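Okay, here we've got a single chain as structure tokens, the form solved without 2-amino-4-mercapto-butyric acid (HCS), with questions on binding and movement later.
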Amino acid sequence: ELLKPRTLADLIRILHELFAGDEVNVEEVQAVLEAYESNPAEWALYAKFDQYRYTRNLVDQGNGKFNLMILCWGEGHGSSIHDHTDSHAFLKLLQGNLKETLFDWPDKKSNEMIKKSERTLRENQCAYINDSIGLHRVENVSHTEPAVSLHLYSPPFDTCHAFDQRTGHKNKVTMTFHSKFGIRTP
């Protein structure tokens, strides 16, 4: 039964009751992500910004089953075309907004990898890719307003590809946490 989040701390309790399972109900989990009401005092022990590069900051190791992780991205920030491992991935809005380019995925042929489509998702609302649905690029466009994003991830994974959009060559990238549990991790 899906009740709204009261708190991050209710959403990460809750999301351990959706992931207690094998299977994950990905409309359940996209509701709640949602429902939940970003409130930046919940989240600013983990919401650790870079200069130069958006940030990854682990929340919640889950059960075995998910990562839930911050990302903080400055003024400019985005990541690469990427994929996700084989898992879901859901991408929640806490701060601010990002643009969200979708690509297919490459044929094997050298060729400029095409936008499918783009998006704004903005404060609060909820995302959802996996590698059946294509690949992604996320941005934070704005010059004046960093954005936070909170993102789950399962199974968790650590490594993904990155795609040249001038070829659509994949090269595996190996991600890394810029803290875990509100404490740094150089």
Contents of the next structure:
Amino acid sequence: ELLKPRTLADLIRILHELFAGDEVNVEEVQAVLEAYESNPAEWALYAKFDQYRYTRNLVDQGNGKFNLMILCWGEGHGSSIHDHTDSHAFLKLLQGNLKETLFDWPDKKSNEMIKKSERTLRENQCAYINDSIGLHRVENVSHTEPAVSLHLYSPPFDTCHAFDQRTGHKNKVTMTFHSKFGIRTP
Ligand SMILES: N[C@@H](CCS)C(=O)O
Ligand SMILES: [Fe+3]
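Switch from the form solved without 2-amino-4-mercapto-butyric acid (HCS), shown above, to the form deposited with 2-amino-4-mercapto-butyric acid (HCS) bound and output its structure.
The complete assembly is shown below, putting the previous chain first.
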């Protein structure tokens, strides 16, 4: 029974209930993420930016079932084209706008990865992806506004692949946390 999360803390409690089992009701998880109205005071602790690239800030470890984290995107910061390691990936905007570009899985043959579609994700919107859907790139193309997003991955993963847009070739990447539970983790 899904109720509106009143606060980020409330959201986290609700997520623990929704991931208490072995499976994931994606539509319910997306609905509750969308229903949380971003309150910057509640996540300022996690919103640690870097001048040169986007940062990943761990918020909750989900009792082992998921990682919940906040990503902070300076102006012009963006991601690789990447997958999600056979996991569920939810993305909710907390501040600003991000451009999500969708790509298909490349064929064995070397070829330009042509974008399938793109959308602008706006404050409080929640997107979902998984490997059966495809790949994506996420970018803050703003020249004037930093962006902040809330990501939920289930099961947790700390490795993924980056794809070369020119060829489709992939390379394994290990993701690091800029901070955990509000604490910078150099
Ligand atoms: N999965 C990426 C961000 C876009 S979903 C990450 O954690 O760096
Ligand atoms: Fe992603």
